[PDB]
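Next comes just one chain, in structure tokens: the form deposited in one PDB entry.
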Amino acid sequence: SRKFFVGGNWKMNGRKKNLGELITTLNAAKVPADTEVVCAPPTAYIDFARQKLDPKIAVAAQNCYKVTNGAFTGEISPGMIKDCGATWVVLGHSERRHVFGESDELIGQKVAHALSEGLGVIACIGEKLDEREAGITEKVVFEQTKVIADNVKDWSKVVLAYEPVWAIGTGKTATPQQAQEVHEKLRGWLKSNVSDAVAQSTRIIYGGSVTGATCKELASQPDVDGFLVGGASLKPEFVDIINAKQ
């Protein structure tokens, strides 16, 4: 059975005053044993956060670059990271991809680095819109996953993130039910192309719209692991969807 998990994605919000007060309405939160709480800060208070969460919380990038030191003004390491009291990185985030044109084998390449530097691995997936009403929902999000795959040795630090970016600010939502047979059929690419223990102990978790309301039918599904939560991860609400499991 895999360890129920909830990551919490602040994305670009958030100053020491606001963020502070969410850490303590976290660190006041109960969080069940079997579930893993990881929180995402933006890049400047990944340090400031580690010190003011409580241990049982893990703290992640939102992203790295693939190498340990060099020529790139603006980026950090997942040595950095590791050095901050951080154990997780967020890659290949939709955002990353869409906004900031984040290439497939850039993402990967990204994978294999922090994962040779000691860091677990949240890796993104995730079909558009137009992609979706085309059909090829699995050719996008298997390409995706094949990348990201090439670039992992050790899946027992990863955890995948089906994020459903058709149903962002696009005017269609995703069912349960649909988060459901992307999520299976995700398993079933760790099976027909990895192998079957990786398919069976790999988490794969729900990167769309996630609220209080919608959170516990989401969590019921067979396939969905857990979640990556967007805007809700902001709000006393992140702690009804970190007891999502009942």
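Rigid core (definition): largest C-alpha set, two forms, superposition within 1.5 Å. Numbering follows the first chain given and starts at 1. What changes on going to the form deposited in another entry:
- For the residue set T170, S156, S103, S116, core-aligned C-alpha shifts between the two forms reach 2 angstroms or more at a single site, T170.
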Contents of the next structure:
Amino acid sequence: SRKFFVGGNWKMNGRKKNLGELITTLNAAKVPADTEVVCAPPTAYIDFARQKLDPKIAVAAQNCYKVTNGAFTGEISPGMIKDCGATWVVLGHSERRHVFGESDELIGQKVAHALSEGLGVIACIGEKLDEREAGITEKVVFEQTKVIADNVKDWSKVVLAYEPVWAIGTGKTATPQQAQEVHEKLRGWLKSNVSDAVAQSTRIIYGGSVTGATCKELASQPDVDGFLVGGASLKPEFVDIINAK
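Having seen the form deposited in one PDB entry, could you give me the form deposited in another entry?
One chain, no partners, no other molecules: that is all that follows.
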């Protein structure tokens, strides 16, 4: 069975005071035995958050670059993320792709490097509103997934995150059936293009205005293996989402 996975993406929010308070609340929460919980603090607070968080919660970086060290002012490497005690990185997030112009090619190189260095990868994919309305969701997500898959060095350390761009931060949550429909196809894509084992074992998580009010019906879909949560990860309802099953 795939272990239920809940990530909280704090994005560019927080200071030591308010994040420290949130962390205290999370450390007091009961993480089910069948759930893996990950928090992704702003980059300046990776180390702080790992120090403050109970080990039952993992830490993720929000991004990384594609070499171990080098002349890349403003970047961090998987080796740094590991050195700070974090065990995952979020790659290909919508904001990186669409605000900061990260290409699929660049995301694939980051995936290859992070996995080669033994860091877990939450690899994000998803279509824009205009693509959804044109009926080409599948084409877009399959193309993104192929680039990720072609660079996966260790499938045991990947989580795929389907996050339709029109659902991020907009309050426009995907319906359960909408999410299940895409997750099912993605899983079929993995079966046909990689292996049965990889299709069976890879967590495909949904993100997009996931909230306490929407999480249970989404989590009950058989191909929805958890969530990546943005706005609600900073809120007490993040605990309800952790317990969505």
